[PDB]
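We have chain A already, so just place chains B, C, D, E, F, G, H and I with the ligands on it with the hints.
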Amino acid sequence: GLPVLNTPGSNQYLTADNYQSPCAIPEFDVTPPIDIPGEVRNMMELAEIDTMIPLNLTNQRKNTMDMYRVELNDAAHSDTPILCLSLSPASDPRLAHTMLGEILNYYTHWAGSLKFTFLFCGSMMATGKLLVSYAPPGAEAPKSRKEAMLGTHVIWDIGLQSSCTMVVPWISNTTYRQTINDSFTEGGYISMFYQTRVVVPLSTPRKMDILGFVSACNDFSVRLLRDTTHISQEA
Amino acid sequence: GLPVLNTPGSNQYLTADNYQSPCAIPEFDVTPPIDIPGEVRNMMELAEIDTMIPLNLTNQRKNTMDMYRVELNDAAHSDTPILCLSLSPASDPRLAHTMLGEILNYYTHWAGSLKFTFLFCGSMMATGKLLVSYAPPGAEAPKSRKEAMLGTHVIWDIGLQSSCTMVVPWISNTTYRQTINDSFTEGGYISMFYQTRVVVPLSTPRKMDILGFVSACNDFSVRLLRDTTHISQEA
Amino acid sequence: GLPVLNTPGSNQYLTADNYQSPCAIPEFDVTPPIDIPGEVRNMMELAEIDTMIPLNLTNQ
Amino acid sequence: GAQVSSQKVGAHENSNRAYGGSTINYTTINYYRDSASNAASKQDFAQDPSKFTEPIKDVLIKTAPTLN
Amino acid sequence: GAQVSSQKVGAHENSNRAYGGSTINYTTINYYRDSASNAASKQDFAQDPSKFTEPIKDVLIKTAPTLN
Amino acid sequence: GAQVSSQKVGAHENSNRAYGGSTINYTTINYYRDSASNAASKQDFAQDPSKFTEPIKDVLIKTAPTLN
Amino acid sequence: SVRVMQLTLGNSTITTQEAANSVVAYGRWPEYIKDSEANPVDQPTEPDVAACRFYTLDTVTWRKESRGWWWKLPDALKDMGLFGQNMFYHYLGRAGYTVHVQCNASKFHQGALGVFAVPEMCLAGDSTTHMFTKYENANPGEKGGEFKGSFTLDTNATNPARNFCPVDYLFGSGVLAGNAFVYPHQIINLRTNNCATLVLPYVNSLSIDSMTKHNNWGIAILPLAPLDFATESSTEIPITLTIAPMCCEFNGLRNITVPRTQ
Amino acid sequence: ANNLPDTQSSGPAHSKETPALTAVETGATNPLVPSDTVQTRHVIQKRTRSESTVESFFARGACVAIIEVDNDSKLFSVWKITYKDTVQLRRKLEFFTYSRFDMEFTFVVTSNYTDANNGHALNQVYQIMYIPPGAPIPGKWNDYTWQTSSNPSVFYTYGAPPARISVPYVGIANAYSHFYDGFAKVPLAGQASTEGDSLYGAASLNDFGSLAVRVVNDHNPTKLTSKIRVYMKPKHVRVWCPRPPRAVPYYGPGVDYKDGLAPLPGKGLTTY
Amino acid sequence: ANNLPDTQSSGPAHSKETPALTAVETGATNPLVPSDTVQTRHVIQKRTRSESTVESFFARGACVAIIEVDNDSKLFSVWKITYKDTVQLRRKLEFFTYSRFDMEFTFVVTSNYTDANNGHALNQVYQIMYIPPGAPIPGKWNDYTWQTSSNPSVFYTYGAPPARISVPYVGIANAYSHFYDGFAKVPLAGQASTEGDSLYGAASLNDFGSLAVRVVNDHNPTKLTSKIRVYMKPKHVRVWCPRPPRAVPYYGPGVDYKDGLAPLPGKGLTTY
Ligand SMILES: COc1ccc(OCc2ccc(COc3c(Cl)cccc3Cl)cc2)c(Cl)c1
Ligand SMILES: COc1ccc(OCc2ccc(COc3c(Cl)cccc3Cl)cc2)c(Cl)c1
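Protein chains in written order, with UniProt numbering: chain A, 341 to 575; chain B, 341 to 575; chain C, 341 to 400; chain D, 2 to 69; chain E, 2 to 69; chain F, 2 to 69; chain G, 79 to 340; chain H, 602 to 673, 680 to 879; chain I, 602 to 673, 680 to 879.
Since the hints were derived computationally from the structure, they do not count as laboratory data.
Using 25 Å as the maximum straight-line C-alpha spacing, the simulated SDA-like pairs for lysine to any residue come out as follows: (1) B/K402 / G/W147; (2) H/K865 / G/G227; (3) G/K112 / F/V10; (4) A/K402 / I/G867; (5) E/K43 / B/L345.
One chain only, chain A, in its complex shape:
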């Protein structure tokens, strides 16, 4: 017959190979498809949908519907943060379980811009201005509005348009970041402060909630498929 020479790698089974194989059920009459609504072509499409962030992971609130609610009040102006977060979308406990974080945990690298949308759920009679901020890594994490205001920030005025979006631009040294907590590929800090204060008239609730949402921008991508730690199996 035709002279052949077997090269190394022969008879192995690479779990990620892409070869042809014989069909065990030949000439099978396959049921044709129908146009079912909601077809998906890329996993990144799912990462671009707003998903609610479990921002309040305090012991009494974590693992309850309260982990999603961050409460505000009509107290006099303060320069202390309403919330603090680290830009580690796949590893920070508050981001790791969102739709975005879930997908990132099936990949080793991520790159791109993100956007955080906040919804004000107070009454119509409530007003206020808030400062949402993003500080690229390398300096002290902002602890006062004075430090936060020096980085990327959006001053949100509450009114008819109930929500406000802050885009966290892709500012990185490496071309891709890792989906694990690693200082070399650290992303920075997200924080919120009161710009003025929440003001309500009489006969109106003085405390109300805001909900946060996170999604990927159109320049977001992931690579190196890996296994997630979000699912296990004992015995």
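Structure of chains B, C, D, E, F, G, H and I with the ligands alone, referenced to chain A:
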């Protein structure tokens, strides 16, 4: 020689493969064919031929020529069924052994329309009107002519044309049904009732038989070849 | 290299196969043929020649 | 001596290759002289069941009376 | 019946072959009649996420007020 | 350097491929320089048995008297 | 109409006023061997009108208790005029047939007969010894045989019957009778027709064969709906079988064959 | 192996054409479709009969024999070629009276030590020799017949992928007969009853010959047994004259029956 | 599987267009890009989403079963086909409600002597038979069912590269349902409670049938065990209707939960 790489699946024997192999009797002078009558190209051709149904599987009649005979009489009109059947062509005991049922037992899925033909074997002096019915699954199986008449039915008037055909249309949720008794792919009920009554004059037999036949329509198909339970071998 | 898949029948020896194999005496100067009388092309040619039948197989 | 036929694609990948090109064709070459060595092409035809379903001498229409 | 596609060269060798010619193409031939036996081409398309990201009846511009 | 011959189809499949096309041809390519390495083509000719059956000097007709 | 016909072959004519059409098995009309399908090289004999004519075999009687009847072809016609002579004088023989079954009653009678023409109709035997039925029993001639309602094993070891034991619902061969409709057939339902007519082409895996060693077709008649009349528990109606060989051609003439009998 | 027709929409009817009425006495089957008896919608039919073609129905390797050899006359075995030693393939073939096809034979060979703690042997090589009716049959596992100068042999090395060979249509008739209503002999008048007697439904005493299998290695006192499972697949299939399938258990090479004569269960006439 | 758009340079703004403000009540996500809220530079984007395509996400062989056979009824085993016996592939598939694809199955077979100093056996051959719902299931490691005249079988020789076969889209619906909010039966009024009762979320009792595995060699008194690890890879993938992934441990074939109901850790609201 030419460098090659062995892929998984090498050296295996798939019982359903389709490869070439060396001929053990080379240059053999093969006897040419002759035009023998009755050649078959597809198994479905056989499923389209009327085959007699063993409708009467009562203990005294089963496994005798009487299992094929369903007796009628000139009694006053009654609303009770003459016979009842389930549309499980491969599994119902009355359908599973017809030519149609035999072929269906070599396949895992079936789809298409069926037709039941009934032959009146009474004397020429006997008359009568009968109602043949088909009720798609999901409701109570018809027990009176009143319920049966609400589904697909053919009112058969007995006379010169000795037989009557009722087509059981393909009405299904799934694109293919299974050849086993399974509720998810259940087919419905077939039943027969007296519309008026069988009437005979004097000096004429008051009881007579009818024979049933079943065959597949031109839109019938089966898929996924499997082994039948209709043949076994001990030791 | 080129991905291949071994099919059943591989490594067997069919006594009636018809394959190629390496030559153990390469570049050998083969003696040319001569036109020898009486060449045969088919065994049936021999079956068409009259041959005497041993008709009398009695013991003696 | 290669025979190039097209496949009947069942499940389609999100590619244009799943709908056209040589990507939906398959190639075949016979290596043996005896036709017995060949695999089955499986591009098999059908026929009219009439020889079994209606082996009647005088052809009849379903709409028309069978017994005439 | 061979399908010849081009590769997306990542790391480039110090050759002109790393930038052009059949040296940056790959060849494919289907050996089986059933499309199920085929490998994945992986030349897969994308689509608009709008059906999920903005399943809104009355289309809105980001610059313009959402609640109007 | 491929040699394409046709097979003498014995048993025919219910396909048109069993009656025509490259599907009833087989392909051959010699890999060795020495003709001894080659397989047998088996496209062998026949001849006239006369040299054995009738090695007679003066040709005779069967209808005509052999002894003349 | 579908109901009135006349069949003429040689010097014999059959008329019917209550037919239900006629069946031509597998849609093939009998024919002679073509040169492209020929095998024996000798000139064939084709008796034509002397052999291809209607021969009436013995009449059987249908009663409420009848289980069925069977015949084998060309066997049933082996003693029929010049057809039988040619059959026995030649090593090889080939023929098609026109089978006409007759059964008339009245408008107050009921019953239905299934008439099937089966190619290679092999029947089951009576012993634990396989394929033990002897030639003489397998070939009854014009009188044919009968179906039984049950299997009864022959135990006489000293004198085995070596006969068939065709159970009716098992079609005499281990298959269900209701599926016998896949074979060319007609039904004689007393309220509809008088007869059944089947035209059978020559069927075999060879172009010509030995008519004495091999039976090509089998004719099986089974009461699908039993005979019943007015109130006469006692009712008998005859069933006459008339068959005509067609396109007969024989090869290999020699001295006559005289088969062993009984 | 093709498409099925579409369902055309059908409305109500009030006519003198009655396709529902018929007369099965003619021997014909009523070719009705749903639209003949009910109102139908238009359905574009996409299902096909690709898998029920005569070819696809038989395109599977079925076991027809399990030949056993004990490498300690059992040093070699002979199997008379047939498809009736097993029931599954036999029943499928018998849906038809005649057939014509090529055959593909695949051999799965297994072996093992009879003793859990005794004996040892080097890798075995098997010889599967086909003995066409007429050729000399081996008397010893090592006599002259195993030279195979003309008989086709297959030498299989234990552990290698299953051996496989193709066989052309080898019948002496124009098609294989699944049923033969006749004898190989006609008893003549006057001859002794011992004379002219032959089996009913049997053709040649040796239709296709047989296979002789042996282990080529010199046998060691070690207790070993090997089994060659023969799988056959009909390819390039043509079949004639359909027959109803076998309903009761097989009882030999013939259509004889004896045991499972009551195949159907009981079921009420008016029970769904 | 393509390119991402470039970042265009963006300067300062003072306008009545406010893309930063929105109203998520509508059910839509604000499609902002960096240049909407900050000054950007022009960046020529070279990153692509080639590896996150639905195809590349599933293009991996995942273990779905570990079938075990003890060659000393354990001489053969039967595995009901499913993807829910393991958790990893199951969780990935469940990101979608419906799917449609072809499957590639690779079988990794391992075996060993149970005893460190006892027994011996010749190389084993395995038979992996697919029993489609309806076909007879083997009662013994050597009964008639193993003839496979119609069922697809795979004969694997120990030590050979892993066996591998492809299966087409075999669903009876137009797509595979990962979730079925219903029953196979509807209990009717009047019938006994035992009647019309079925499992919630279950379709057919036997969806895809099962695999019957056995060692073909004659068993020796030696203690041996073999394990067939089944790997499946969806190829030619299409998926519909995305769903949030499983957050708590699986508790059966359904969406039932019981144990790890508190998946998230504690973290201070104002702690980075
Ligand atoms: C939504 O996700 C799904 C849908 C269906 C699935 O299984 C369907 C299925 C049907 C038949 C066979 C049979 O395959 C085989 C054959 Cl022919 C021969 C030999 C071995 C095997 Cl293995 C295998 C799987 C799985 Cl695992 C996941
Ligand atoms: C109607 O169904 C049929 C008809 C004929 C059959 O057998 C005919 C037959 C004739 C010769 C050989 C010989 O084949 C072989 C050779 Cl050359 C070499 C090595 C091994 C074998 Cl195995 C094998 C089978 C069978 Cl099994 C079923």
